[PDB]
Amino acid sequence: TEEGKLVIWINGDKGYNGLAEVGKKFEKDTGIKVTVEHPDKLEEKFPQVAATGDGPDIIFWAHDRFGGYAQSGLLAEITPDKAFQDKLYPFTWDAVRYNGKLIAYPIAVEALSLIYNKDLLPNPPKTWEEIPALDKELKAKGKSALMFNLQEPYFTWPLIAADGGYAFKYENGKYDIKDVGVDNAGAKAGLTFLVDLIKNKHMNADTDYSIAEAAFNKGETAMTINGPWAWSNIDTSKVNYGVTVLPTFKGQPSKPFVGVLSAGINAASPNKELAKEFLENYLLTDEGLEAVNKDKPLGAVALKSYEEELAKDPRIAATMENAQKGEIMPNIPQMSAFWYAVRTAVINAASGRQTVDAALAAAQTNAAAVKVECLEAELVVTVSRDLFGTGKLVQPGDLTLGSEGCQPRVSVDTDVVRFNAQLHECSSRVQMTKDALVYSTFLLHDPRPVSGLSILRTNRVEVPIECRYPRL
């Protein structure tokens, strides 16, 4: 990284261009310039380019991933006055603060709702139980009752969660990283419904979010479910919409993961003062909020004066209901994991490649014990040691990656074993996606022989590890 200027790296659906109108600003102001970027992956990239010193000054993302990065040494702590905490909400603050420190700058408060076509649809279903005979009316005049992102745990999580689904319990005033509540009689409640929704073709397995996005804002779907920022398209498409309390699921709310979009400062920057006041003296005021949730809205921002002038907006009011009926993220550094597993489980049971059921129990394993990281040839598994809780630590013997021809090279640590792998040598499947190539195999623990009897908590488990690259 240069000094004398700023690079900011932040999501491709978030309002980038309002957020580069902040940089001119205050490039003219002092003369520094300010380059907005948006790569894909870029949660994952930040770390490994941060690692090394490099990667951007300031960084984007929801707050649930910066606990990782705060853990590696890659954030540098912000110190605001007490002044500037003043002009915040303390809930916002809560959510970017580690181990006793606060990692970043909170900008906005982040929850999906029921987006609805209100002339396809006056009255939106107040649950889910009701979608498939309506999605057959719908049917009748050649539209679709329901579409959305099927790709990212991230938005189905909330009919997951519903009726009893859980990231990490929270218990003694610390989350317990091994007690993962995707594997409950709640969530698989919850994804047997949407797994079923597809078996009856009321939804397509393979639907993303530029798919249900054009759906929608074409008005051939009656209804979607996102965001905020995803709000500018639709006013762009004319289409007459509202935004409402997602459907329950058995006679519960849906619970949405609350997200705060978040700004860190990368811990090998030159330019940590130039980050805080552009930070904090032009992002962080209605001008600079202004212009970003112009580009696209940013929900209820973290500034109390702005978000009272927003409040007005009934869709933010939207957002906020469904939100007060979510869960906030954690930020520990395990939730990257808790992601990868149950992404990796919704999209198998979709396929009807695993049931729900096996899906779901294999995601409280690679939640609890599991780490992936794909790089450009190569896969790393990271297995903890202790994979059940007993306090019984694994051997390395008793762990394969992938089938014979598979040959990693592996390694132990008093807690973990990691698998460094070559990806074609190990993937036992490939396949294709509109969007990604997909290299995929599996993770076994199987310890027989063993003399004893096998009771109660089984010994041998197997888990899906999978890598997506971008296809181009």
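The term rigid core refers to the most C-alpha atoms you can superpose between the two forms while keeping them within 1.5 Å. Residue numbers count along the first chain shown, from 1. First, how it differs from the form deposited in another entry.
- With the rigid core aligned between these two forms, the listed residues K238, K392, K101, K250 include just one Cα displaced by at least 2 Å, namely that of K392.
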The other form holds:
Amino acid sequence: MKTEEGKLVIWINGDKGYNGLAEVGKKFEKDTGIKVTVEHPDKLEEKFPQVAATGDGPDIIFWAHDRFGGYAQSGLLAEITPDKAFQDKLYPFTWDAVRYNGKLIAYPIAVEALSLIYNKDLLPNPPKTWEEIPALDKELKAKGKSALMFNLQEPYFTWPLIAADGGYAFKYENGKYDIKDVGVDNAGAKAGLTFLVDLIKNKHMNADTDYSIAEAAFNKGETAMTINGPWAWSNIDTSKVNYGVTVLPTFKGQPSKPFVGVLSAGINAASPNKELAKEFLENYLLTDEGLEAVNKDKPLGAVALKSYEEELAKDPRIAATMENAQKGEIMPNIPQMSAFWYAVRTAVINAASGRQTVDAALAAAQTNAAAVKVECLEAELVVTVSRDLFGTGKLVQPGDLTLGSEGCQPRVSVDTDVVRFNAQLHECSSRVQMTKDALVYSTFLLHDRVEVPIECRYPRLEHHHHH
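Moving on from the form deposited in one PDB entry, kindly provide the form deposited in another entry as a structure.
Chain only, nothing else included.
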């Protein structure tokens, strides 16, 4: 077990202020002898639920509150025990974010929202509207520069624009999310995405741009604007690029609705140090002195500790962050939330690459989120289709569903709640895509006219040998 006794192990996403948390670590060793080890695994949002299945993994996991409901469902999270004294010390807004089934399942740390960052030297007046940007780009290209570059590979980043004209994740009727009602296929969503597809088509943005491309492009000086969070400031500051942080553009008059996220720290249900951890977080990290350590390394954003948030909220950058939170909505923490993220991730990618039409793409994003769970084994993958597609109570027969290319003959288990596909990867895949580090296998599940994309990533070191 990573988790030993008398020793703390923390997992935090690589982009956050990990070394600064390490300083808050060492200040906890010099006071208690308990060593704190902080590490930053890749895809750690996905690594955590696998290892902690078997009691493995860290004592404390740091991530945006949205994944924690899923974690807690699968019984991999400790319920935290903070007293009345402490609960008053953070913003109620943030406690409610870390709650699930009426239990607190993590400690809220900071509030994050995507603002629009811009180069005052290249563009002393940011655009107020999305519709301005194509034009703006032309003029800018003529000067050897570009208008806007941001991470098109994650959904987090393109959502503010989809939601804008009335996209949403899961409908919230009567204080409960209807998990069969996804607002990714509606007209407002189609509007947002189409506009974004055209930016790509008109060479105003490239479909390939990812987090590290966009970040360099801007920090070098090659792009006017970018979309990103508080954590990206640390670097921008270093490039000495003269920048400001303002409200995201509007679309069809309406504002961009970023998802607001609450950086939360969660205690492992299998950890033998649940009290030592409880102490680290409550009295060393969640303090005016401790938060400063991290926020110094990589800005946390609008920190949830009332105390320091107030001392800090006189920053125009956080000022913008908060304005954008306002026009946002907050992330659901339900389990299905990660199916959503995958659905949409694929949709955007397929639309922007022309693999699917925006209509078909977002049509699929619905079924995928509402009724599909994909699970990728070594040389076979498992596709679990919920029998009731959209809540109708009208179930489908196994003959309505079709997986992979023609030669793909999967074994079909059929319960009364699901229909299960167990399929031979190589034999069923419709296309494999090689990247510097990854291999993505892709195939389609058809139902009705609709085609939902089934998609499995692996690293490229699985070739050596026998795939």
